[PDB]
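Have a look below at one chain only, the form deposited in one PDB entry, in structure tokens format.
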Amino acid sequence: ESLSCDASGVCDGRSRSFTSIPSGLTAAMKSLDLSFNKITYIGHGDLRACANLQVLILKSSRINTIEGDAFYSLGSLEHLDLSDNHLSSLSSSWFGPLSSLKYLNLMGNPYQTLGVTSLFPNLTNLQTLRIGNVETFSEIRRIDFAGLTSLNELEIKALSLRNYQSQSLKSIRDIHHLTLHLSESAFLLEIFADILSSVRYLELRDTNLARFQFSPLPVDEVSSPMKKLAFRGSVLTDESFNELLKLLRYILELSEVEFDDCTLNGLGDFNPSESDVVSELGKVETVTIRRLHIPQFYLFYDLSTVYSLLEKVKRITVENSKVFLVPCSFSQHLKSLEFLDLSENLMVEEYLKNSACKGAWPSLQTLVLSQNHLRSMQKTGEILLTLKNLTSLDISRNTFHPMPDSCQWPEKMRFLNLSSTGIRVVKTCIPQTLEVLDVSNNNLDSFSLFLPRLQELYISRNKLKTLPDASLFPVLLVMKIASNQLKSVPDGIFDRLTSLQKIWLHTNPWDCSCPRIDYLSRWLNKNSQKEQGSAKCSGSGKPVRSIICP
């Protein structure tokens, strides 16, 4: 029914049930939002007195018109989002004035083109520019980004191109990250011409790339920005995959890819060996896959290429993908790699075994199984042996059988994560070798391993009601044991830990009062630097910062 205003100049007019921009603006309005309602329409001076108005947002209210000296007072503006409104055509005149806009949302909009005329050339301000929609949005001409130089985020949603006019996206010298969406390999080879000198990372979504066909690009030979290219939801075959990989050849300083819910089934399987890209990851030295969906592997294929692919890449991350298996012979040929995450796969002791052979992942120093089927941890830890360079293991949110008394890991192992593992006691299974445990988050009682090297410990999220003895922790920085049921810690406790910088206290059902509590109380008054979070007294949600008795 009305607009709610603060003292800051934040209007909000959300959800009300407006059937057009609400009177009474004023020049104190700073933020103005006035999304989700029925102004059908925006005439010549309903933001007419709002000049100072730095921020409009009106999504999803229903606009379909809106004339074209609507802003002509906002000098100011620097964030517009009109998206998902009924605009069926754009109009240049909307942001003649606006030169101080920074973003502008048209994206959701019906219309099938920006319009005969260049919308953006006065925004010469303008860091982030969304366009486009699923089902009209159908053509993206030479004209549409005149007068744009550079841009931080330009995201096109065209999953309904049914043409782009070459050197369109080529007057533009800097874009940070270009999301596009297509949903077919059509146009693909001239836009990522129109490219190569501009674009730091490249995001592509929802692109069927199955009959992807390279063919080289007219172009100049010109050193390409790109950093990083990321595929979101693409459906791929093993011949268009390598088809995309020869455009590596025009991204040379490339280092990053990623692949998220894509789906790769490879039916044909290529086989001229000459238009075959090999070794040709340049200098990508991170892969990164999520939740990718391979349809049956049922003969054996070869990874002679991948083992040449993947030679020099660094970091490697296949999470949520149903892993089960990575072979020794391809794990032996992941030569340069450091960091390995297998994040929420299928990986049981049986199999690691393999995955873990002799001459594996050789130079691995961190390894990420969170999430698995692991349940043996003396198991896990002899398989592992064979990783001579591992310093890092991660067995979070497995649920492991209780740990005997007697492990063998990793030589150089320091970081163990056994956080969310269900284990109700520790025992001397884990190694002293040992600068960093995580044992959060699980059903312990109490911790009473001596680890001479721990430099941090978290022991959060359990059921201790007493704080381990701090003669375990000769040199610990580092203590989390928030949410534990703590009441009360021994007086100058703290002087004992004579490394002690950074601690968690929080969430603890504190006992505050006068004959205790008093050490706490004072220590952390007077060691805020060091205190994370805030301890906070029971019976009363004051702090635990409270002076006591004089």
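Positions refer to the first chain, counted from 1. The term rigid core refers to the maximal set of C-alpha atoms that superpose within 1.5 Å between the two forms. First, how it differs from the form deposited in another entry.
For the listed set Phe187, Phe120, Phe447, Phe231, the sole C-alpha moving 2 Å or more between the two forms on a rigid core superposition is that of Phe447.
Superposed on the core, the two forms differ at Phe400: its CA moves 2 Å or more between the two forms. In this overlay on the rigid core, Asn109 has a C-alpha that sits less than 2 Å away from its partner position between the two forms. The Cα shift for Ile316 between the two forms, taken after rigid core superposition, is smaller than 2 angstroms.
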Contents of the next structure:
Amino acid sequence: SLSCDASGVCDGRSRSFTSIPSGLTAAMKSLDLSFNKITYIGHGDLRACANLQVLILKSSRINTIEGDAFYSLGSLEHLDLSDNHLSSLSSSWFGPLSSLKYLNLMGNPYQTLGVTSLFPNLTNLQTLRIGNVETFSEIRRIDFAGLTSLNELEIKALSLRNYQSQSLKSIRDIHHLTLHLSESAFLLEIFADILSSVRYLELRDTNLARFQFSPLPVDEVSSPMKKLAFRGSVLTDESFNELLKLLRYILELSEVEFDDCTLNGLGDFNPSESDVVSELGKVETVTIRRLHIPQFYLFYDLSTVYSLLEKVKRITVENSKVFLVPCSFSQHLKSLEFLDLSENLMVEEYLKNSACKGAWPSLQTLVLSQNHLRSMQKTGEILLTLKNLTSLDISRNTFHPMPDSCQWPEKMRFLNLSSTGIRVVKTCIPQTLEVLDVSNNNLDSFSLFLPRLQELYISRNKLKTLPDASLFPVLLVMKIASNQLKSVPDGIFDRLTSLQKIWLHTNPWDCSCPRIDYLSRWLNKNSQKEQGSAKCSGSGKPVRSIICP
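Okay, that was the form deposited in one PDB entry. Show me the form deposited in another entry next.
There are no partners or other molecules in what follows, just the one chain.
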């Protein structure tokens, strides 16, 4: 039932094949036989595909593949056998695939990679994925013998029972390593074998409650690891302190991420010499999202965090119930340039403490995108302490109507007031602004003169009339999609003399011929500026299609 195209891209995906389709050719460059029922693959099912570059056999129900089944596929660069029923992996399968770049074997019920090295002859491999949720249980020294460089290696071993020493050490260059571990029993050991190879390490679903640090036998303590990421992990204050002791080896680590993690406040370490601040070495960026902190008893030290974040330049802590960032804590974040506190519980009174006198000196960008702020004037007043602030985002906050006069930090040139519920716009908004976003609100008109405005986002409001062009002399980008606009005054866009991009879609354009003449001609003379397609209200055809006598 195949359906191929001019360039050899054939599609047999999700048919109902019970065996590879008969009579394939050497013209096919890609064959997608996913979601089928190919239970067995024999000696002569892919013989005639000498030019095949892509073979996708994901989620079929393959449980048997003859040893020389891929023998004549020397031009194969992408092989995906994921989510099948392969209980065993044969080394003869990969013998004739020296040109293979991507190999996905994950999702198969095998217990190990076998007794024979499967990839020694895959000189050009770049991406390898192996493992599964409950069967894969052993990793051996012969498993990756031969591989020297890999862009991406993913190992799913949530049921791991044993890891041999140095199994990972033979590989010298791994740009991205993703390990799915359920327990930490072998983590320490695995670290010993990846510290001189892994650039980006990613741990998934790991319970690190009982993780303990212990000296490692590095060769020169020069780890090329730049990004460390924990996702869906469980930690304790005790095991957390053990984890940061590992930083002493990754002298170059610049980004640490914690996604959907849990921090059980139990244990509560006390040993002094077993704290090791080390100023988190060279951590430049810290990102925390959806951190769940069960039973946050009373007051913790917090001082065992000041000296730790002294050199961090970017911090993000979103959707983690943050309601207060103590002043003395902010005063120690001397290098913080970017702070993102989106989706938390901040309110004026506590922001006032978080943004005290010497708080976040040198902070350039602040994001308070979805908290419990109620007053624009009060917020602006509180942020006057941040002398270096140039970008402020306070979108998705329910504000009371803004006054006519406000005080904002001196260098503020970016202000995001999106999804803020405002119905009017007033001079509280400073003339210094370059970028302003008041999209997704309840505006009926815009009359603010912003001489330096370069970008206006006013999409998703109720403007019936377009803003006067003289209001933005050097405007580069204007977004005014989804806005009840029916027409524009003749010649208005030629007056936006520096305009580069404009969004006009989703507006009930009155395509009556006399009236729509200007708008139509301008769009035909400026298609490179329009993003999306302004359509006629009623019919639905593109406004640029109209041609009036």
